[PDB]
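Just one chain follows, in the form deposited without the named molecule, and it is written as structure tokens.
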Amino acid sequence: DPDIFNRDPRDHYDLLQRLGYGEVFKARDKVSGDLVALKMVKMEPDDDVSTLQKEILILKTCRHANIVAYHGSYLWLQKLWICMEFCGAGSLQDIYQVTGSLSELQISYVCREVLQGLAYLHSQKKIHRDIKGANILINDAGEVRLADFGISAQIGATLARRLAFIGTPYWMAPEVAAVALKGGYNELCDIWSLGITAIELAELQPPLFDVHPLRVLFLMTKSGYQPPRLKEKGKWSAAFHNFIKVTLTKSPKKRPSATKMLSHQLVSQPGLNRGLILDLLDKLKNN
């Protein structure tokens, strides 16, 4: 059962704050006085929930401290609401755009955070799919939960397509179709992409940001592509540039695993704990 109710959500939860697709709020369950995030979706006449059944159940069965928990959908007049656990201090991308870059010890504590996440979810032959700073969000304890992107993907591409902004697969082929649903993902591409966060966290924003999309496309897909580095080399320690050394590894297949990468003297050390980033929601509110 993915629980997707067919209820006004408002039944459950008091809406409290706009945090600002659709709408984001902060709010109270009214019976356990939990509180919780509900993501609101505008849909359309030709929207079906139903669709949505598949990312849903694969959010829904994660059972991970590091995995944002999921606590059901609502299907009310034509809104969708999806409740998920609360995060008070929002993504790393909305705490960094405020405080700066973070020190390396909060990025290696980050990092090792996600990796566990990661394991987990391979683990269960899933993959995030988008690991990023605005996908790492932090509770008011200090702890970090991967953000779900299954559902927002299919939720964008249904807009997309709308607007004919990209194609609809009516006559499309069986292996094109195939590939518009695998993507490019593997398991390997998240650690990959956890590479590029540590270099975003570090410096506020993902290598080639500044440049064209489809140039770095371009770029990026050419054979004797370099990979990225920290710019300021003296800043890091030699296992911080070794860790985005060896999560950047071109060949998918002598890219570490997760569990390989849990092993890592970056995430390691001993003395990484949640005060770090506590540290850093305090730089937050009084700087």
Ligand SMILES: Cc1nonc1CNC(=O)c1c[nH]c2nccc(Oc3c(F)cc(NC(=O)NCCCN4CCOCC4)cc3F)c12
Second form
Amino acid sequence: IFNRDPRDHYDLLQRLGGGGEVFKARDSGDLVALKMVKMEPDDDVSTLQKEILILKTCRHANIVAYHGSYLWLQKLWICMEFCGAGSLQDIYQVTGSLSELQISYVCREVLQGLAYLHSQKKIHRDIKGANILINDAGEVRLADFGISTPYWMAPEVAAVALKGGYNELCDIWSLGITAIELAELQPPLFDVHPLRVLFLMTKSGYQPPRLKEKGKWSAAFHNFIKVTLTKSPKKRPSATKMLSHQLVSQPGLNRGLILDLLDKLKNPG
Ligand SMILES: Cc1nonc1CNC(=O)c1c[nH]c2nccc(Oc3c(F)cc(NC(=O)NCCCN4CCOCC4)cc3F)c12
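Since we've got the form deposited without the named molecule here, give me the form deposited with the named molecule bound too.
Shown next: the complete complex, the earlier chain at its head.
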């Protein structure tokens, strides 16, 4: 970490989104994104610096690269890879749905980042359209919206309360949902209240979900979904195993497909 105003280092060009806040900035002259975070009177910096460590030993082209953090006047700024098309979700919300082939290259890329994260025995915890970033070159980058009364709780409740039951494999499942999300503009049950959906998922009966249209997608896309969305984590394939899958290993898959999508985003019709 460095402790200073980062307005010395970079020029703040423009504001991209709220949450904390993210800004396009320039260093070197090269373009970075600055995630700003307002910390309260209760917030202790000692703990965020253990999560900041985990971000500096994340080197992967399929991972939004972390460049170095800054503490300044009750504000924490994270410098970061700039992906100037935003997220897949800001993209389909304009372009409509993605093609099977587009969706397939996105899925191979995510798996590439995942496999490396699981390599490092980390877990993304939050795979979705909103956390997959697209540079002006149509390359794909998993971003970190996530990792970026206990006194009375017992140790078992405490443990489960940091870790969740998150297993590296729940990242796979989530990708499955993300593919459907990208196919159909919405994940399963977006028009169903979220508690109900959490309950529905735990009955001994719950069938994993699937694409609505059947004709419109290859048998390989169908298998991809069937196999990623296995209920049992013992039986769900690893990300290195999923990179074998025929949906993500077929020829033709390259940034060109997404370049198409970025044009589609400028010139509709
Ligand atoms: C992961 C993430 N998601 O959002 N913010 C983050 C954290 N940023 C990053 O890690 C980034 C790292 N590098 C970046 N380079 C460019 C942008 C980046 O962040 C983004 C950002 F700042 C803004 C947006 N888009 C946005 O806010 N859109 C408004 C959508 C409004 N919807 C609401 C629902 O109803 C429909 C309309 C995307 C980013 F990816 C990053």
